[PDB]
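Next up: just one chain, as structure tokens, the form deposited in one PDB entry.
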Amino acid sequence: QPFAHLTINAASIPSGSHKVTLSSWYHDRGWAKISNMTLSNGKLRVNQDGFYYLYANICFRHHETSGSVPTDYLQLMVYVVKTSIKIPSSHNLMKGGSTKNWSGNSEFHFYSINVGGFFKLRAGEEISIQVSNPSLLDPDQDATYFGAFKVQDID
């Protein structure tokens, strides 16, 4: 059966405060692993039809040595998105996150999101992760990851 557990590529995490689609994950390193699925720049492609369980864990962190978080409005979010190489538009499968106040006097701020779902996937369909504040992403392999594993067949 096919599966995937992709941890964040710590050396290729985008910068800025705008929402982006993450385009770099590990696939064969540490806890990162992939089988009978293909990965191309943050797009985990399904090679075999079936019902998969999709999950994602996203950790945001900020230390005071990096400066200060501006605008005061802070909404740390994660969207698990299903794209396709036949239809241009993409669609959210799962959504998670929280508005936060990180304007305190503490030296470190941390927050993690977790999402999980049972979805019907066809070959050719692709799963991708997009986050709100990539500059706040935790590069740790136990912190920021997303994955999938087949449970049943479609028939």
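Only residues modelled in both forms are compared. Here the rigid core means the biggest group of C-alpha atoms that line up within 1.5 Å when the two forms are laid on top of each other. Positions refer to the first chain, counted from 1. First, how it differs from the form deposited in another entry.
- The comparison between the two forms, aligned on the rigid core, picks out a single residue among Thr99, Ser89, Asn92, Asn114 whose CA moves by 2 Å or more, and that residue is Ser89.
- If you fit the rigid core between the two forms, you'll see the Cα of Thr71 move by 2 angstroms or more.
- Moving regions between the two forms, defined as 3+ consecutive residues each with a CA shift of at least 2 Å after core superposition, lie at 64-73, 84-89.
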Given for the second form:
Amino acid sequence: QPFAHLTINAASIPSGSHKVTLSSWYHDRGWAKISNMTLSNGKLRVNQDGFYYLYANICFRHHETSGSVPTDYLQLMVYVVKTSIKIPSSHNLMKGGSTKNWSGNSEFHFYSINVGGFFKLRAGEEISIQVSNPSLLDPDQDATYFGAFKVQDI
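In place of the form deposited in one PDB entry, output the structure of the form deposited in another entry.
Single chain only below; no partners, no other molecules.
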């Protein structure tokens, strides 16, 4: 059956603050793997109908530079998006995260988000990950990844 476990591609990670689509993942190294699904710049395309279980783990991290601001109210969020094929439409399957105050009092900061769901997918539909503050992403394969594996037929 079809599956996928895509780990973040460090080399390609935007340096912004607002929402962005993570458009670069590994699919054939370390734990990264893909079967009967296709990947193209962050978009995981479904080839075979079925009920899939979808999951995503995202880790944020940062180091406060000497002489940091008294406060830094961040929104660390993840969104798992599905793009329909039979009709142009993008919608959030799942979303998670939290607000954080990563001021300068604490030198280091870490935080990870985990979302998981059971959804009905069709061939042609694409799955993509969206996050805020992508510049704070942890590049490790055990830290930032998302996957999917078919469980039942439709």
